[PDB]
Amino acid sequence: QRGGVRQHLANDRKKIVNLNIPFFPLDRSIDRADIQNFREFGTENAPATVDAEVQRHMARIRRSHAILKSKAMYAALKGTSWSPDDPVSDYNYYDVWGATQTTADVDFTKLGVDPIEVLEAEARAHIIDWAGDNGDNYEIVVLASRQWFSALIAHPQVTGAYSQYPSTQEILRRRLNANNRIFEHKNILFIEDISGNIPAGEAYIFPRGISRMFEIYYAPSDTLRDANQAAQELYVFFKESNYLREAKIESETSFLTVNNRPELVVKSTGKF
Amino acid sequence: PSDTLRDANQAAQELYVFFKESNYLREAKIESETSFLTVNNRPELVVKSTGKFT
Amino acid sequence: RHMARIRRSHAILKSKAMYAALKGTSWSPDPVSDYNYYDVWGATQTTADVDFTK
Amino acid sequence: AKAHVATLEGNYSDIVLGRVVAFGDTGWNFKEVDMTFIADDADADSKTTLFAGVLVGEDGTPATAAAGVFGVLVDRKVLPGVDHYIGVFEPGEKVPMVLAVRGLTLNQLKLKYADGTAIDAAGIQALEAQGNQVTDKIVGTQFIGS
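Residue numbers (UniProt numbering), protein chains in the order written: chain C, 57 to 232, 235 to 330; chain D, 278 to 331; chain X, 112 to 140, 142 to 166; chain P, 2 to 147.
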């Protein structure tokens, strides 16, 4: 009422946490015996040269680093960091942030119950209730293993829905290049993992969007000239011995992928 | 800094003095505040000297 | 007169703080800021004892 | 593989929602009381049990029922996040403290006794005898959603 006591705003919360970073080296050397007295493979009689071998090895190194980064990116979705063979940076984000995995088990043998209505009731409702405000255009995405997707599509309750979906060429416009299949129904996007990073019979759901949900942190290299200067994506060092008998190639990169909101990822499993 | 909201975590001065008038021409008040610490960084070069007399 | 009194009080407080600091201790006539610089830095106090009787 | 975490909750200006500013001075609302900071038996390691918002008596002993209620502890040395005092005080050491008594607006949701129990009607009318507006019309008591 006009004149009486007013209201107040007296709530807030904060947290702060610290983490380490792993290290990933890679190096190769080239001797005289590798190049001298040989041809270049695809030029018949032209003699071998050091530069071609150096460039090919640089390409191989970059390809390996890219594969490593792609593998590490997936580990964030599962809720754990990626650092094989070193139990010093293997962090479980769910317990780190004091959250727990909401599990939406789906039984594919139950023909009379729609599988993609169990997900709608359990996972998509919660992921939206806990999404939080300020998130603009976050689309729910389902990433599933091949067995889980194949079981889902073959379920009788969804055969009618799938048979009417085009599933022809849209993959080239909804995305840009992967050949994995796509299914979209009831405002949910389904995708099949092709790299085998999803355990067989499991699927995961995340909202996409939501700025600053995933991050990658970088640290300097183990070199004296940049021990505390700054970080870079990938260091490449090329050294040719001062005595003109050997050459060395080294690469360096250290990083950690972070999942800031483990509460917003749902893990699914089912019978077969 | 003084405890006033003007300079919270802002800067420091040796001595703050304020003068107030009620704006109703019936009262005034005087304020003053200070906050400092005197530190001898090297308690090694100060030597006591006690004397027995008579 | 009030300003004069306040200024003189602050001056005498500063002088007393300086004198207390010289001896080797803080000046807070509160426990939150009580310090013994010899203890803080972990040092020892030399004693140039003089016996005027001799 | 611990990931060290630190946290805090609340401020000073959420237990005291507002004041009445006595022009003539600034110490009208408060009273300075002397209490034991570190527990009487615990070593010089224990963060004391004096979270801001506890109700203390007239002689500084922490309250336990509506009878022994005089003021609300709001000293800066016990505000959330102020935790560089651990070894600075010996057991049984006794230090001054600040209580807010008169002409104040108080959050009913923050007031607690020493044990942890929330304030009750008897304590409310006891405090409100000193001229404190104890109010429960607060907005912000539900976080984020979950």
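Please note: incorrect hints may appear among the correct ones.
One-sided and incomplete, this derived list gives chain C residues near chain P with beta-carbon spacing under 7 Å [as the list claims (entries may be wrong)]: (1) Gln57; (2) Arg58; (3) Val61; (4) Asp146; (5) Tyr147; (6) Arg270.
Straight-line distance between alpha carbons at most 30 Å, and here's what the computed DSS-like set of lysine-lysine pairs gives [as the list claims (entries may be wrong)]: (7) C:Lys70 with P:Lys113; (8) X:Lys134 with D:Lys306; (9) X:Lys127 with P:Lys78.
Everything labelled a hint here was simulated from the structure, so no lab data went into it. No residue lacks a Cβ here, since even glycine has one placed at the ideal position from N, Cα and C.
Quick rundown of the hints versus the structure:
| no. | hint | in the structure |
| --- | --- | --- |
| 1 | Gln57 | violated, 12 Å |
| 2 | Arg58 | violated, 15 Å |
| 3 | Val61 | holds, 6 Å |
| 4 | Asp146 | holds, 6 Å |
| 5 | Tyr147 | holds, 6 Å |
| 6 | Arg270 | violated, 16 Å |
| 7 | C:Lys70 with P:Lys113 | holds, 22 Å |
| 8 | X:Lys134 with D:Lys306 | violated, 37 Å |
| 9 | X:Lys127 with P:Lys78 | holds, 27 Å |
Comparing the model with each earlier hint shows violations of hints 1, 2, 6 and 8; every other hint is respected.
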